[PDB]
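There are 2 protein chains.
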Amino acid sequence: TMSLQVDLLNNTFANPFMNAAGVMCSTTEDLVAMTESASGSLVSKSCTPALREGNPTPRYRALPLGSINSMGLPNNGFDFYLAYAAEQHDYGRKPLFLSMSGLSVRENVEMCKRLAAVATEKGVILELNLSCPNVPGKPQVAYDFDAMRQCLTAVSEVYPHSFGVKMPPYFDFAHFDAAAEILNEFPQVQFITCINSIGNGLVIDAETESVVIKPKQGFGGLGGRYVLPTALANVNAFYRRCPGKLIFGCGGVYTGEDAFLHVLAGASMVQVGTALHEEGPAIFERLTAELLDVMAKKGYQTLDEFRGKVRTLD
Amino acid sequence: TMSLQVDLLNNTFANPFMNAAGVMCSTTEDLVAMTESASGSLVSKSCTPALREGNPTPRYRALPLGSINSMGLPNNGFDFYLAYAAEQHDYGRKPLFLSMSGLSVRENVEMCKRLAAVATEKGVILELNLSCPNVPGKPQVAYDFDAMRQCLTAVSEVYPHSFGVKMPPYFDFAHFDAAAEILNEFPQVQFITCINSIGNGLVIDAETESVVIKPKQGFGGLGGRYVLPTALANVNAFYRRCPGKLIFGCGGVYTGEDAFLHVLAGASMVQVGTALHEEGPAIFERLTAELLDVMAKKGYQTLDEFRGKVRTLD
Ligand SMILES: Cc1cc2nc3c(=O)[nH]c(=O)nc-3n(C[C@H](O)[C@H](O)[C@H](O)COP(=O)(O)O)c2cc1C
Ligand SMILES: Cc1cc2nc3c(=O)[nH]c(=O)nc-3n(C[C@H](O)[C@H](O)[C@H](O)COP(=O)(O)O)c2cc1C
Ligand SMILES: O=C(O)c1cc(=O)[nH]c(=O)[nH]1
Ligand SMILES: O=C(O)c1cc(=O)[nH]c(=O)[nH]1
Ligand SMILES: [Cl-]
Ligand SMILES: [Cl-]
Ligand SMILES: [Cl-]
Ligand SMILES: [Cl-]
Ligand SMILES: [Cl-]
Ligand SMILES: [Cl-]
Ligand SMILES: [Cl-]
Numbered sequence: 000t001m002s003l004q005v006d007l008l009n010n011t012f013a014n015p016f017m018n019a020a021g022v023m024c025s026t027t028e029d030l031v032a033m034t035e036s037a038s039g040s041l042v043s044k045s046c047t048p049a050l051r052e053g054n055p056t057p058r059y060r061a062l063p064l065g066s067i068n069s070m071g072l073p074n075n076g077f078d079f080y081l082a083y084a085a086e087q088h089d090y091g092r093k094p095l096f097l098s099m100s101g102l103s104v105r106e107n108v109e110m111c112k113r114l115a116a117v118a119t120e121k122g123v124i125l126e127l128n129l130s131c132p133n134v135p136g137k138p139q140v141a142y143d144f145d146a147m148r149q150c151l152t153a154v155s156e157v158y159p160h161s162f163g164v165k166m167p168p169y170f171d172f173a174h175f176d177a178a179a180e181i182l183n184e185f186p187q188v189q190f191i192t193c194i195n196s197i198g199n200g201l202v203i204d205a206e207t208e209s210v211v212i213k214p215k216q217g218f219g220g221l222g223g224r225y226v227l228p229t230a231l232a233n234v235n236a237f238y239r240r241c242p243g244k245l246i247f248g249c250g251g252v253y254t255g256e257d258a259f260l261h262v263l264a265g266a267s268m269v270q271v272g273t274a275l276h277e278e279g280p281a282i283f284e285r286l287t288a289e290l291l292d293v294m295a296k297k298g299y300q301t302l303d304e305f306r307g308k309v310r311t312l313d
Numbered sequence: 000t001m002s003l004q005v006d007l008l009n010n011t012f013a014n015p016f017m018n019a020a021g022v023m024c025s026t027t028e029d030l031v032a033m034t035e036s037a038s039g040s041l042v043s044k045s046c047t048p049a050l051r052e053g054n055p056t057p058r059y060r061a062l063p064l065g066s067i068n069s070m071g072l073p074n075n076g077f078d079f080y081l082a083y084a085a086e087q088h089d090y091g092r093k094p095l096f097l098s099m100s101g102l103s104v105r106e107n108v109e110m111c112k113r114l115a116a117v118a119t120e121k122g123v124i125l126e127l128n129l130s131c132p133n134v135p136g137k138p139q140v141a142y143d144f145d146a147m148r149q150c151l152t153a154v155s156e157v158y159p160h161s162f163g164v165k166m167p168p169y170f171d172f173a174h175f176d177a178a179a180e181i182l183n184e185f186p187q188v189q190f191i192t193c194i195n196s197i198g199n200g201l202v203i204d205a206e207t208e209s210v211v212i213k214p215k216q217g218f219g220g221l222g223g224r225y226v227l228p229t230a231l232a233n234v235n236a237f238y239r240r241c242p243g244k245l246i247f248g249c250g251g252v253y254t255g256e257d258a259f260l261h262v263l264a265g266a267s268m269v270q271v272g273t274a275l276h277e278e279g280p281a282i283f284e285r286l287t288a289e290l291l292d293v294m295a296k297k298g299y300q301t302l303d304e305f306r307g308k309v310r311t312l313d
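Those protein sequences? They're chains A and B, same order as listed.
Residues 0 to 313 (the authors' numbering) are what the first sequence spells out, left to right.
Residues 0 to 313 (the authors' numbering) are what the second sequence spells out, left to right.
By construction, these hints were calculated from the structure, which means they are not laboratory data.
Some clues are possibly wrong.
If several chains are the same, the list does not tell them apart, and a pair holds so long as it fits within one copy or across any two.
Simulated pairs of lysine-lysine, BS3-like, Cα-Cα distance not exceeding 25 Å [said to hold, decoys possible]: (1) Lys213 - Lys297; (2) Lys213 - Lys137; (3) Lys213 - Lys308; (4) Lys308 - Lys121; (5) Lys137 - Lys112; (6) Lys308 - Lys296; (7) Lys308 - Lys297.
Produce the complete structure using the sequences and hints provided.
Structure follows, in structure tokens:
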């Protein structure tokens with residue numbers, strides 16, 4: 000007998016699967032579809048105070064090895080997602096995360112001030128996005144450590160709940176250490192989601208001699224097969240460095256076996272982006288079955304048995 | 000009539016292709032084989048003052064979508080590659096680049112002082128490596144802008160020739176801007192090689208529940224198909240921001256079409272890493288034939304006709 004149950008943040012989850020923020024979670028229809036799905040949870044589209052129409056199209060392209068996008072935080076605005084969390088979402092079915100991506104610290108502070116009461120009353124969980132690489136003129140906050148600390152301090156002052164942070168990928172141990180040091184100063188940061196896309200790739204089509212997305216001269220965030228080893232590295236790097244926290248994996252998940260790798264690396268929840276974008280929410284039924292099959296073959300009955308237990312050779 | 004000829008740095012190259020500095024270039028056998036091959040050029044293994052055995056083996060793993068390695072700068076030491084450049088290399092056949100990766104500025108200055116005479120007398124060309132992601136306790140210098148400026152000042156002061164720099168990938172426009180600003184301070188930096196590996200990825204084998212390389216708990220640099228969009232982005236970002244310099248592309252080249260994409264992005268020379276590691280030096284016969292096939296289809300006669308002319312949709 001086997002179980003995909005996960006218990007964290009004073010919630011029970013049927014399985015570790017959810018959408019990545021930004022995928023299939025922008026509209027009422029999207030959010031109801033995610034809640035009706037076999038996923039263990041869901042997160043709403045990264046929001047800004049005001050509605051944003053996003054960058055000009057084409058701004059997404061599916062590729063053999065994944066995806067490239069420069070959406071530009073298209074979203075219905077904070078009021079819309081707050082209302083969903085406050086009044087609409089079926090918490091009897093599954094827990095809800097709300098992704099927030101204010102364009103300034105002050106914007107995040109004002110949104111969190113209002114979110115706090117809905118968190119208390121309804122149990123929505125904040126995922127604060129420190130890593131959006133597609134708003135022109137605005138670098139990833141988590142690539143400026145002083146800015147990241149400033150943001151976390153300001154939010155912690157006004158948001159008296161456990162919350163998580165969505166991180167951009169890092170590529171060296173000095174940065175893993177610096178980032179972990181900052182996050183470890185905030186006991187209220189109870190989870191870390193690794194990773195947002197690999198930022199500012201450039202896909203060029205040989206036939207047309209052209210980039211494949213319109214905004215930002217074709218530069219956009221990479222997802223899918225391109226990012227799995229980077230995602231696993233970041234998941235494991237923070238798993239090792241942040242023993243007091245949960246790690247959520249995001250990046251490169253197409254199968255239950257990919258999910259198995261994220262959990263081995265340290266993941267508690269597993270988010271699905273590009274694959275969900277191309278398959279839709281039916282994907283969750285397949286991922287749960289596939290993960291259970293992998294576990295069956297290996298003789299694992301629960302996720303606790305192998306989470307973080309990636310074997311090293313040195 | 001068509002031509003792959005490239006003229007730069009007071010040399011003529013038969014075609015844009017060469018090896019990447021970690022691959023097929025450590026031993027005399029390697030270097031002679033690269034010289035006998037169809038490549039336009041070659042670069043010797045990134046060197047340190049003393050011979051280095053490198054990180055514990057096994058430390059390179061070929062993957063379906065590219066490679067991961069934590070080599071640790073294994074090399075025969077500067078004297079060995081300097082001797083090759085001074086005494087042995089057939090400059091009648093093609094130009095030679097020498098990759099240098101001192102573990103401190105002092106080490107780079109010491110080697111450059113000695114390299115200067117052989118550059119003068121034989122015409123070997125320096126590629127200064129600011130981007131090695133595999134030496135434990137040693138972060139990428141190019142990820143610390145102050146350190147990078149200091150290194151370039153110290154090297155420029157002692158080395159009376161043009162040279163180039165091998166860069167790690169960047170992932171946001173603020174970093175492209177800052178890095179380009181620094182490089183633009185140094186008129187002796189006449190080429191920029193983009194990119195070194197995507198650092199500190201983590202591959203996990205689901206079957207064995209294990210990392211696939213021994214050093215650094217399985218963390219190593221990614222090469223091959225994983226890195227093409229990141230490589231193109233960096234090539235193009237520096238092509239745009241450093242109009243007074245040449246860009247060399249490195250990353251994800253397996254075919255003439257991949258090379259065509261690098262050239263469209265702005266590459267002058269195109270370096271081949273993982274694909275060469277797996278195919279060997281005969282690869283250059285295929286790549287040149289393939290790139291001429293792409294040009295023929297499109298009615299291009301020379302690389303100058305399309306270098307840097309990637310089309311945007313904005
Ligand atoms: C279309 C699209 C929109 C995205 N927008 C957001 C966003 O709103 N907030 C966020 O944290 N990440 C967003 N991202 C990043 C994803 O959450 C995820 O981190 C990334 O795509 C990697 O997962 P994957 O390899 O499964 O795609 C977006 C990704 C895609 C494909
Ligand atoms: C086994 C191996 C060793 C490498 N060692 C070096 C090095 O000595 N110096 C360097 O600049 N790059 C080194 N690299 C990085 C490559 O030069 C290149 O930047 C990277 O592999 C991307 O090219 P690819 O996608 O064609 O592999 C090494 C790569 C490999 C696979
Ligand atoms: O909507 C976007 O532009 C976006 C946000 C984000 O956080 N990540 C991403 O790849 N795109
Ligand atoms: O030999 C290595 O460690 C090595 C050096 C380098 O510069 N890049 C890389 O991926 N490996
Ligand atoms: Cl689109
Ligand atoms: Cl598409
Ligand atoms: Cl609902
Ligand atoms: Cl090996
Ligand atoms: Cl020779
Ligand atoms: Cl000669
Ligand atoms: Cl290659």
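Evaluation of the provided hints:
1. Proximity of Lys213 and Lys297 under a CA criterion of 25 Å is satisfied inter-copy only: 23 Å between copies versus 46 Å inside one chain copy.
2. Taking identical chains as interchangeable, the C-alpha atoms of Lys213 and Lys137 lie at most 25 Å apart only when both belong to the same chain, with a minimum of 18 Å there against 38 Å between chains.
3. For a Cα distance limit of 25 Å, the shortest separation of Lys213 from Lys308 across copies, 16 Å, qualifies, whereas the shortest one inside one copy, 42 Å, does not.
4. With identical chains, the CA atoms of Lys308 and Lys121 are never at most 25 Å apart, being 34 Å at best within one copy and 54 Å at best between copies.
5. Taking the shortest alpha-carbon separations for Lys137 and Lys112, only the intra-copy value of 23 Å comes in at or below 25 Å, while the best inter-copy value is 42 Å.
6. For the homomeric pair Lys308 and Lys296, the shortest alpha-carbon distance inside one copy (17 Å) is at most 25 Å, but the shortest distance between copies (52 Å) is not.
7. With identical chains, the CA atoms of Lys308 and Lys297 are at most 25 Å apart within one copy only, with a shortest distance of 13 Å there and 52 Å across copies.
Hint compliance for this structure: hint 4 is the single one not met.
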